[PDB]
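Just one chain is shown here, as structure tokens, and it is the form deposited without this ligand.
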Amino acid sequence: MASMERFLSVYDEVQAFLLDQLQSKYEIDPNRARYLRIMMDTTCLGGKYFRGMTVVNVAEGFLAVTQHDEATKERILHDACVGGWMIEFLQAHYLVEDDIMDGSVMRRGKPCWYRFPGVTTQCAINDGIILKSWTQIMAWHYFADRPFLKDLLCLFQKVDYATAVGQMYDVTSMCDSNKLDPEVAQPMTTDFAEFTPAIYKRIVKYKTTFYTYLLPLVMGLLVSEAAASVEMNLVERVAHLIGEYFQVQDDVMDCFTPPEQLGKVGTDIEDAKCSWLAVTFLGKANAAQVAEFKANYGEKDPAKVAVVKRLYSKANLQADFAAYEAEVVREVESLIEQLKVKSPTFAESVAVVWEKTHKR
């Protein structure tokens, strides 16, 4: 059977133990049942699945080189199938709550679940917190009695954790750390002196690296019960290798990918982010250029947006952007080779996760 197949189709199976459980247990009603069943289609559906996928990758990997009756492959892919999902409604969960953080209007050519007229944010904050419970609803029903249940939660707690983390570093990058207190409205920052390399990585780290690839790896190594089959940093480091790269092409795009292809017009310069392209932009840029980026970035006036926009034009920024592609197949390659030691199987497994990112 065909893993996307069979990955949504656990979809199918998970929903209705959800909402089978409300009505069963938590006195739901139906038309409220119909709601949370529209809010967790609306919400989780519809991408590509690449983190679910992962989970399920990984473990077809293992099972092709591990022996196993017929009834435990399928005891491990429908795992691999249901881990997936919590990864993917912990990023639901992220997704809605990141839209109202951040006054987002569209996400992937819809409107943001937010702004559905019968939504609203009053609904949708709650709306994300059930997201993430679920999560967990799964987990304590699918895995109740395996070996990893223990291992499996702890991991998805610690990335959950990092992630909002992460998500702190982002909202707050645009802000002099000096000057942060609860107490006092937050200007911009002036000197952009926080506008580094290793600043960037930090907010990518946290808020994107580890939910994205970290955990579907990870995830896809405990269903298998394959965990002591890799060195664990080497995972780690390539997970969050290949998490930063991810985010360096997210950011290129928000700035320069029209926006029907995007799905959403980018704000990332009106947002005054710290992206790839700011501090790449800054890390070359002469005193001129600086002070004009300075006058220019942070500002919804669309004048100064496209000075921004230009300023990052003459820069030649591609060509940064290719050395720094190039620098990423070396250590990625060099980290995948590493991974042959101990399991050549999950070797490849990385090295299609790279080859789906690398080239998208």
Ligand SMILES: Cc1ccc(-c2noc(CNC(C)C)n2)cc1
The other form holds:
2 protein chains.
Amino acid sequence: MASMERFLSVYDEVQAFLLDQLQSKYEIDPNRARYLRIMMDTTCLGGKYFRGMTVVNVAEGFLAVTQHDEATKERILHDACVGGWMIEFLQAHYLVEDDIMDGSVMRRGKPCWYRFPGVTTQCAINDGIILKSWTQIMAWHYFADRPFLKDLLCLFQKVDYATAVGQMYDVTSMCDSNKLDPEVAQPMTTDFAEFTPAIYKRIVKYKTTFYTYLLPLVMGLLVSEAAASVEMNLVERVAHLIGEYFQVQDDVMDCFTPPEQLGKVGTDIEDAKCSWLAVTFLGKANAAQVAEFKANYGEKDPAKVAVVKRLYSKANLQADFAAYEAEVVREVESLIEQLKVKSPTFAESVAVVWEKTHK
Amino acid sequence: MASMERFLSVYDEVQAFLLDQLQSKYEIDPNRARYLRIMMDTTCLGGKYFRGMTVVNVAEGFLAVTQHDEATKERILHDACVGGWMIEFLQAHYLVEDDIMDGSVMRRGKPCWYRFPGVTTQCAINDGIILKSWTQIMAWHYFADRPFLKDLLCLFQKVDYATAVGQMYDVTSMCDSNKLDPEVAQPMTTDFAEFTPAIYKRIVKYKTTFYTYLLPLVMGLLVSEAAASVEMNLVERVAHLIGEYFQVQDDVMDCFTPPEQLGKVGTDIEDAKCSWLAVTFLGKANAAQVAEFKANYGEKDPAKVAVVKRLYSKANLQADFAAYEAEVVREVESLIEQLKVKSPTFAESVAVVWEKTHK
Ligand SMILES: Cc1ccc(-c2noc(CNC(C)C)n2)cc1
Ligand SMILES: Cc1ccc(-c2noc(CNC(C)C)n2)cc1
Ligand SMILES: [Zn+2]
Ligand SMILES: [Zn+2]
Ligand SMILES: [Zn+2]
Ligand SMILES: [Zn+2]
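Now that we've seen the form deposited without this ligand, could you pull up the form deposited with this ligand bound?
Let's see the whole complex now, leading with the same chain.
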């Protein structure tokens, strides 16, 4: 059976299971069941399933090199699908809540969930909450007597928290740390002294890399009972690296990719985002350019936003990007190499992820 | 050591642990640490700790009748405190998010967390997320090799989901189920055909009773390894009952308790809440009263809200309340009785909860 076909089938099974359990154990009525079904489809379907499918692809890899009965192969593949869906639903949770937090308009060329006329922020905050509880209902039901249950839940829990800590670093990234105070409305930074590579790297690592890269790879290993074909410090380093690279590209596209293709009008300039472009720009600008940057950044006035774009184009950031890219390629290949010692299968799955990321 | 003193001490220890782990493992900086410390104190302290302290009080009960070394007594009491705090933090999560959802103004005579000038909805949604992840960080750290870890996490997870399902029943309680549709803005009900005792009881059971009553009692039993001194169906029924009673009283106070004492201006009338008062009023009104109810309910126009209050006063709802109260007292005492078979200690703790609730 092809992997996508399995993964999509498992969605319909898990949806049926969750909705049926609401009826049999939570006294739900059909109209509310239908609301949550539509919620689930609208927030969880329609992407490329990179994160979910990685869990499946990692598991498929170990299946080729490990002796198993047929029924075990199926159980492993089914576990990989459910685990994959746990990450997609985790992602959907974060996307629903982030869009509300940020006052976002569109997501995947369609309106954000909270904007749907019969949803509203009042319901959508809680719909996002339910998405994440669904990930745990899946794990407890499907993996009830799996040996990996404890480790899986512990990992998931750590990644979730990292993500939320990351979101916090992200939403406060235009503030001066020394001014943060729940009592005092927060001004945007004037100096941009916290627009550094290290500070940037901290936001992306917590906000994105743990749930996008670390979680699917390690979940793959857990459902395959293969945590011992790898050096966990290595899997960490390579994920944080591929993950960083991922965010550099979406920081670049937020700026220089028409809103048609982005599936979203970019507002990193006007949100005064600590993006790779602003940081890298500030690491190479002369004094007159830094002053012009500061006079325009974080302003919706389209004219000021077109000034920030001008400065980035002028400053030749594509050269910095290709330099970054060359170094990331170096480091990723070296890490892949170090992964091949213990597992060529796992190293090949990390190679396949990095490819999809790069292209 | 007195129980409150222990419980508050354990707060300072758990706060220190969580903040220290952010620094040592999540690369946090001191100013963000201070933000989250203030967040934690402002959202989690200041209440009566009924839910948290019940876990402690249940555990104290079994300590009197069970042979244990001193070090075990302390470990059990310490576990009860941490578990208690897991419920307070769960509650804080729900209060932070509900206040945002509902556009609430005050909570405990102080502004809702999201209203604080240096917070904003953008941060407060995520602060609420962190509150709930903190409950899991506590459990995994403090209860890492406890035999009850699995059961505790499973229970907590079920209660959390129930609560979120409950919130959903609550936020959609003024809609007609047959009209719910994420595509179509939701009108308030015209007929009030879903303002029934059964429908009311469904909202309160999911929204409140699981986290407020079931969770503290069962968590008490789990940390005491005493799940076998009770009949779990009984503990369920008595909690759902005391819990329902709880909501009937706060539905009454939302209306007839000055905002000074409530710690919050009530808006159940103008939110068109399925409260006990509206339901009970509709179960006894004549046709002219139902029509007047319908012409005023769910409207901020204070004059219309004063009409709804008039109708409730006229309709003699206090008599219905005392009738309800007499029946709840009957049923609770009968359940206590059925609990005494297996455990007089547990039955006495359920007696102590019901007292605090009643008074
Ligand atoms: C585990 C994992 C996670 C994310 C990705 C990924 N995300 O976006 C892309 C493709 N973005 C190109 C088309 C610009 N690949 C791949 C693997
Ligand atoms: C386990 C648990 C949970 C809640 C309560 C409770 N809540 O509020 C009150 C007191 N409300 C009176 C002063 C009107 N008792 C008690 C025990
Ligand atoms: Zn965001
Ligand atoms: Zn972006
Ligand atoms: Zn509410
Ligand atoms: Zn209320």
